[PDB]
Amino acid sequence: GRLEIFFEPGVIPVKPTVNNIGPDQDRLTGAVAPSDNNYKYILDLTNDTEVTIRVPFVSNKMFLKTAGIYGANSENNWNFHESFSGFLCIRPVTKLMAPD
Amino acid sequence: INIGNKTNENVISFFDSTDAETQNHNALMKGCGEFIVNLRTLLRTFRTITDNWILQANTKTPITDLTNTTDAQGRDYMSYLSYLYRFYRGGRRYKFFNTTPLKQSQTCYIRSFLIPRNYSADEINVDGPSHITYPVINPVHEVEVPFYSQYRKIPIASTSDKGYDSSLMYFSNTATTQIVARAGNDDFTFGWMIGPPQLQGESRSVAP
Amino acid sequence: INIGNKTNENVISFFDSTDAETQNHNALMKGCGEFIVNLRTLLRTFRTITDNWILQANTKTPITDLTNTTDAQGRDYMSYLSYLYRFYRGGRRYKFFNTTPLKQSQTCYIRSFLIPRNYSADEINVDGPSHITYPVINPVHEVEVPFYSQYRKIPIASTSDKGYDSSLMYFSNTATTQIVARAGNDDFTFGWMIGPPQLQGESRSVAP
Amino acid sequence: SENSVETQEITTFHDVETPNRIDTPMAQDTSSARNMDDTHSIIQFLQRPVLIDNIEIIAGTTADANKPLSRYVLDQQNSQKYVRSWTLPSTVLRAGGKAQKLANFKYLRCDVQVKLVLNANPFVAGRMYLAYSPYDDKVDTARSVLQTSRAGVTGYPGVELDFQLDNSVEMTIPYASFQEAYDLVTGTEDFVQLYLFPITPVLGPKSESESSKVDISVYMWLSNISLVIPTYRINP
Amino acid sequence: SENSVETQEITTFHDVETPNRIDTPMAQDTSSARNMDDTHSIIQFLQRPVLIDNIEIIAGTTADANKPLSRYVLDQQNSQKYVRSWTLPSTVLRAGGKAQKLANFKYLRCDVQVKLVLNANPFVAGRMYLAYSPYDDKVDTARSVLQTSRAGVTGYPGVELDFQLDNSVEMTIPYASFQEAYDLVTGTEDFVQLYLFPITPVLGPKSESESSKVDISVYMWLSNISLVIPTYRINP
Numbered sequence: 151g152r153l154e155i156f157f158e159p160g161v162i163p164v165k166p167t168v169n170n171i172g173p174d175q176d177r178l179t180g181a182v183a184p185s186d187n188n189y190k191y192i193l194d195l196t197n198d199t200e201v202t203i204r205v206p207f208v209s210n211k212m213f214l215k216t217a218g219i220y221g222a223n224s225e226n227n228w229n230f231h232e233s234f235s236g237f238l239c240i241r242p243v244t245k246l247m248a249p250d
Numbered sequence: 001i002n003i004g005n006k007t008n009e010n011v012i013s014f015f016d017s018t019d020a021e022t023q024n025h026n027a028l029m030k031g032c033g034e035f036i037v038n039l040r041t042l043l044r045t046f047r048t049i050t051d052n053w054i055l056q057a058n059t060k061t062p063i064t065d066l067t068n069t070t071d072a073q074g075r076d077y078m079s080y081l082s083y084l085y086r087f088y089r090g091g092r093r094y095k096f097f098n099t100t101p102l103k104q105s106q107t108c109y110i111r112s113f114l115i116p117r118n119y120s121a122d123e124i125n126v127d128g129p130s131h132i133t134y135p136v137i138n139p140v141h142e143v144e145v146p147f148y149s150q151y152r153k154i155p156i157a158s159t160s161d162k163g164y165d166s167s168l169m170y171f172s173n174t175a176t177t178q179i180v181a182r183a184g185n186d187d188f189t190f191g192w193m194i195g196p197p198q199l200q201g202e203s204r205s206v207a208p
Numbered sequence: 001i002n003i004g005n006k007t008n009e010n011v012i013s014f015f016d017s018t019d020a021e022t023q024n025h026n027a028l029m030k031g032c033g034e035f036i037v038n039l040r041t042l043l044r045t046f047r048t049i050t051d052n053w054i055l056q057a058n059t060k061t062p063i064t065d066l067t068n069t070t071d072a073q074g075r076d077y078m079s080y081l082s083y084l085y086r087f088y089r090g091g092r093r094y095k096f097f098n099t100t101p102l103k104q105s106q107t108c109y110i111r112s113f114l115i116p117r118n119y120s121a122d123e124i125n126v127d128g129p130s131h132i133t134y135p136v137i138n139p140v141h142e143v144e145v146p147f148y149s150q151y152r153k154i155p156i157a158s159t160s161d162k163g164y165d166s167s168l169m170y171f172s173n174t175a176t177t178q179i180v181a182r183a184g185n186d187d188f189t190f191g192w193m194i195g196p197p198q199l200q201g202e203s204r205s206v207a208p
Numbered sequence: 022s023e024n025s026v027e028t029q030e031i032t033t034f035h036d037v038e039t040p041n042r043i044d045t046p047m048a049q050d051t052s053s054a055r056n057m058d059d060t061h062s063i064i065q066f067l068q069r070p071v072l073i074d075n076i077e078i079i080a081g082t083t084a085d086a087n088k089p090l091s092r093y094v095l096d097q098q099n100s101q102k103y104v105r106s107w108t109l110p111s112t113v114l115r116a117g118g119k120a121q122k123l124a125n126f127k128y129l130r131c132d133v134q135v136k137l138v139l140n141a142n143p144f145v146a147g148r149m150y151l152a153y154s155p156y157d158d159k160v161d162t163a164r165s166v167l168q169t170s171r172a173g174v175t176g177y178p179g180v181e182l183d184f185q186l187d188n189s190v191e192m193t194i195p196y197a198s199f200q201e202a203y204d205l206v207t208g209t210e211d212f213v214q215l216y217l218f219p220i221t222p223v224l225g226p227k228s229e230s231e232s233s234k235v236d237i238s239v240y241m242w243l244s245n246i247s248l249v250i251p252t253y254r255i256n257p
Numbered sequence: 022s023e024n025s026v027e028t029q030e031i032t033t034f035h036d037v038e039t040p041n042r043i044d045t046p047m048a049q050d051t052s053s054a055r056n057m058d059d060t061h062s063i064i065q066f067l068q069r070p071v072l073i074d075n076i077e078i079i080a081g082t083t084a085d086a087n088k089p090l091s092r093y094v095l096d097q098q099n100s101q102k103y104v105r106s107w108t109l110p111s112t113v114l115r116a117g118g119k120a121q122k123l124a125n126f127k128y129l130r131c132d133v134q135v136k137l138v139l140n141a142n143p144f145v146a147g148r149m150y151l152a153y154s155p156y157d158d159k160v161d162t163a164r165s166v167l168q169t170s171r172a173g174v175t176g177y178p179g180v181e182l183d184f185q186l187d188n189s190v191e192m193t194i195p196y197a198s199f200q201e202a203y204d205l206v207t208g209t210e211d212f213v214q215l216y217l218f219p220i221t222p223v224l225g226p227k228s229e230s231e232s233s234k235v236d237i238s239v240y241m242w243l244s245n246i247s248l249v250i251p252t253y254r255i256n257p
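These protein sequences, in sequence, are chains C, A, A', B and B'. A prime marks a further copy of an entry chain. Residue numbering for the first sequence follows PDB author numbering, beginning at 151 and increasing consecutively. Residue numbering for the second sequence follows PDB author numbering, beginning at 1 and increasing consecutively. Residue numbering for the third sequence follows PDB author numbering, beginning at 1 and increasing consecutively. Residue numbering for the fourth sequence follows PDB author numbering, beginning at 22 and increasing consecutively. Residue numbering for the fifth sequence follows PDB author numbering, beginning at 22 and increasing consecutively.
Read the hints as simulated data drawn from the structure, not as lab findings. We put the CB at the ideal spot given by N, CA and C, even for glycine. Possibly wrong hints are sitting among the right ones.
Computed cross-link-like contacts, SDA-like style, restricted to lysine to any residue with a CA-CA straight-line distance of at most 25 Å [said to hold, decoys possible]:
no. : chain 1 : residue 1 : chain 2 : residue 2
1   : B       : 122       : B'      : 184
2   : B       : 88        : B       : 198
3   : B'      : 136       : C       : 203
4   : A'      : 162       : A'      : 207
One-sided and incomplete, this derived list gives chain C residues near chain B' with beta-carbon spacing under 8 Å [as the list claims (entries may be wrong)]:
no. : residue
5   : 238
6   : 241
7   : 245
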C-alpha cells in the first residue's frame with residue numbers, strides 16, 4: 151500500500167465536549183480538505199517499513215505554551231489552540247491490499 | 001520487490017530554513033535571557049514543599065514525618081524528578097520560614113541535629129553537629145544536611161534495611177507553624193534514567 | 001531463488017554468420033541498385049492521387065473539393081503517411097495531366113491561384129501569384145504551393161479555425177477531365193510519430 | 022535500485038525502485054513565450070501598485086471632508102474628523118486580486134508602500150497630512166489619533182500633502198507588529214491603520230458654479246516580502 | 022526634478038518631480054519568516070504533484086475496467102475500451118488549486134509530467150499500457166486511438182505498466198501543440214488527451230470473497246514552464 155503523512159500548520163479542527171476535546175474527522179475527509187499543498191511524505195508498504203519525520207518549529211511566535219489539554223473543554227479552550235503549531239495527519243492514499 | 005522485509009531507516013525532514021541551534025540562541029536572547037540546559041541546575045533552587053507545618057511544642061521531629069508524605073505529590077523539583085530516575089546521591093539543603101504568631105512571654109529558639117534515615121524519635125541521641133537560630137532576630141533556618149552514607153548511591157523507598165545515610169531532626173520549643181523549602185546541595189544529582197509515570201489534571205467534580 | 005521478480009533483460013540472438021549491415025549493401029548492389037533509407041525521400045515523388053477528375057467548365061475550383069476525399073484513402077504516399085504522423089510543414093507540389101477530348105472551336109487554357117485552406121469558392125479574390133498553361137502546347141500544369149502559414153506546424157483536420165495556411169485554386173475554361181498527381185516540396189516533412197491504424201484487404205464479396 | 026527518494030517543490034516520495042521512467046527523446050525548445058516576457062515570481066507579483074481609492078474634494082463644503090483638524094478634543098463624541106480610513110494590510114491584500122494569488126500560504130512579512138497621485142487646478146490651495154497609527158483601534162481610547170489634539174495628530178509619523186508643491190508622496194509603512202510573520206488563515210490582521218487628515222480647509226472662490234475639485238488617488242503595494250509556510254485552507 | 026519615471030513589476034509612472042517621498046529611518050530586520058522557508062516562485066509552485074484520480078480494479082469483473090484490448094476494431098460502435106480519459110492540460114490546471122494561482126496571466130508553455138503510484142498484492146498479475154494521443158478528439162475518426170487495432174494502440178507512445186516489476190512510472194508528455202504558448206482566457210486547450218488501457222485482463226482466483234484489488238493513483242505536475250503576458254480576465 152501507500153500511506154501519506156502530511157503536516158498542517160495552525161488551528162487543529164476539534165470537537166468541544168463537556169469534559170474533553172476530540173478531533174473532527176468530518177473536516178479532514180474529502181475532497182473538502184486536500185493534501186496537495188502541504189509538506190508530505192508518501193511511504194510505501196512494499197518493502198519500506200519505518201520513517202522518521204522531523205518537524206521543526208514554525209508558528210509566528212517565539213514560544214508556544216505548555217498548557218496542552220489541562221482544563222481543555224467547551225468553556226476554556228484558548229490555551230489548547232495556542233500550544234501546538236498544527237498537526238500531522240496519517241491518511242491513506244491507496245487502500246490496504248491484503249490476501250485472505 | 002521480493003517477498004520479504006527491510007529496515008532502510010529514513011530521517012526525512014520538513015521545513016529547512018536555517019540551522020535549528022542558531023535560531024534558539026536568537027529566540028532566547030530576546031524572550032528569556034536565561035538559557036536552561038541541564039536539569040541538574042533545577043535541583044539547586046529552593047521550591048517550597050509545604051505552605052503550613054504546625055509542629056507541636058517541644059518535640060524532636062524528624063523531617064521524614066513530612067518527607068514520606070511530600071515525596072508522593074511531586075510538588076517541588078526533587079519529588080517531580082523522583083519519577084524520571086531511580087538513584088540519588090547528595091545532601092538536601094533545607095530552609096525554614098517562620099510564620100508563627102509569636103508571644104513575648106517566651107524566648108523562642110530553633111535547634112537542628114542529625115538522625116540516620118527512617119529512625120523514630122527516641123531511638124537516637126542528641127549530641128551531634130548542630131545549628132541554632134533565634135526567630136525573633138532571624139526567621140530563616142539555613143541548614144544543609146551532608147551526604148554521610150554507607151553506600152555510594154541510594155534507591156528510592158528501599159527494603160527493610162534502615163539507617164544507611166543521614167538526614168535532619170528538627171527541634172523547637174514553641175508550637176511554631178512554618179514554611180519548608182528544599183533542594184539538593186552542590187553535589188546532588190540523580191541518575192539511571194527510566195520512563196516517566198502519569199500525571200494528574202484538574203478535579204472540578206461536576207455533579208452528574 | 002527467493003519469492004520475487006527481476007527484469008534481467010536478454011538480447012539473445014539466432015544465426016550469427018556475418019554482420020547484418022555488411023550483407024545488406026551486397027544484397028542491394030546485385031538486386032536493386034537503389035538504396036531506400038529515409039521516408040522523407042518518398043514525399044518527393046509524384047504519385048497519382050486520382051485517375052479522373054471531371055471539372056465543370058468555368059468554375060474556380062479549390063483542390064479541397066478533392067483533398068478531403070483523397071486524404072481518406074491513403075492511395076498516394078502523402079495520405080498513407082498521414083496515419084503514421086500527426087503534424088506537417090511544407091508546400092505541396094501539384095501536377096495536372098490533361099485527358100480531355102479537346103475541341104478546335106475553342107482556345108483552352110488553365111489558370112491557378114492561391115486560397116487559404118478550407119475557404120469556399122466566392123469568398124476569396126483572384127489577384128495573387130498566378131500561373132498559366134495552354135494544354136494545346138503543354139499538357140502538364142507544373143505548380144508548387146509554398147508554405148505561407150501563421151503557425152510553425154499544422155495538425156491534420158483541425159478545429160473551427162480556418163485560413164491558417166495557403167493552398168491551390170484551380171480555374172479553367174472548358175470541361176477538362178484530368179489526372180492529378182502530388183507530393184510535398186523540397187522542405188516538406190512530417191513529424192511527431194504515433195502508431196499506425198489498420199489496413200483494408202480484398203473485397204471479393206462471395207454470395208453466401 | 023533501493024533508493025528512490027525524489028523531491029518536488031515541497032513533496033517527497035518513497036518507492037522500492039526507480040519506476041522505469043521514460044521521457045522525451047530530446048527536449049527541443051518550442052513556441053516563444055519565454056522570449057516575450059520573463060517569468061514573474063510571486064515576490065515580484067506582490068509589488069504591483071493597485072488603484073484603491075479615489076477621493077474627490079469640493080470647497081464647498083457641506084460634508085465632513087473639509088471639517089478642519091480640531092485644536093482640542095474635549096470629548097469622544099467630538100472625535101477627530103478625517104477623510105478615509107485604511108486598515109492595513111487587510112485593504113491592500115484583498116484588492117488587486119492579490120489574495121487569490123497568495124492563497125495556500127500561511128505567514129507573511131510585508132512592508133506596505135503608499136503613494137498619492139494628486140491632480141488639482143492652480144486656483145485652489147490647501148494642505149493635508151497622511152498619518153498612520155498602529156493598533157489605532159486596538160489600544161485604549163486616549164492613545165488613538167482620533168482623540169488627541171492637532172499638535173498630537175501631526176506629531177504622528179507621516180508626510181505633508183500640499184497641492185502646488187507635491188504631486189506625489191512616497192511613504193514606507195514598516196512591518197509594525199509584535200507577532201512574527203502575519204497570520205492569513207483565520208485572519209484578524211489589521212495592525213497598522215492609516216488615516217488622511219485635512220489641516221487647513223480647502224480654499225477657493227466663494228461664488229459657486231465654479232467647480233473647485235481636488236481628486237486624490239491612492240496606490241499601495243507590498244515590499245520586502247517573505248511568504249513561507251504552505252497550508253490547505255484560506256479565508257474567503 | 023524633471024525626470025520622475027519609476028518602474029514597478031509591470032507598471033510605470035510619469036510625474037513632474039519626485040514627490041518628496043519619506044520612508045523608514047533604518048530598515049531593520051524583524052520576525053523570522055524568511056528564516057523558516059525560502060520563497061516559492063510561481064514557476065516553483067506549478068511543480069507540485071497533485072492527487073488527481075484513484076482507480077480501483079477488481080477481477081472480477083462485471084464492469085468495463087477489465088474488458089481487454091480488442092484485437093480488431095471493425096466499427097465505431099465497438100470502439101476501443103479504456104479505463105479513464107485525462108484531457109490535458111485542462112485536468113492538471115483546474116485541480117490542485119493551480120488555476121486560482123495562475124490567474125491574471127495569458128500564455129503558458131508547459132510540459133505535463135505523469136506518475137503512477139501502484140500498490141497491489143503479490144497474488145495478482147496483469148499488465149496495462151499508458152498511451153497519450155494529441156488531438157485525439159479533434160482529428161478525423163479513423164486516426165484516433167479508440168478506433169485502431171491492438172497493435173495500433175500499443176504503437177502509440179507510452180510505457181508498460183506491469184504490477185510486480187513497476188511500482189512507479191515517469192512519463193514526460195511534451196509541449197505538443199501547434200499554437201505557440203497555450204491560451205488561458207476563453208480556453209479550449211485540450212491538446213494532448215491521455216488514456217489508460219488494460220492489455221491483459223486482470224487475473225486472480227475465480228473463487229470470490231477474496232478481494233483481489235489493484236488501486237492505481239495518478240500524480241501530475243507541470244515542467245519547463247514559462248508564464249508571460251498579464252491580463253485582467255480569466256475563465257472561472
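Hint-by-hint comparison with the structure:
1. B:122 to B':184: 40 Å, violated
2. B:88 to B:198: 32 Å, violated
3. B':136 to C:203: 24 Å, holds
4. A':162 to A':207: Violated, because 46 Å separates the two Cα atoms, which is more than 25 Å.
5. 238: 18 Å, violated
6. 241: Result: violated, 11 Å to nearest chain B' Cβ.
7. 245: Cβ of residue 245 of chain C sits 5 Å from chain B', so the hint holds.
Of the numbered hints given earlier, the model fails hints 1, 2, 4, 5 and 6; all others are met.
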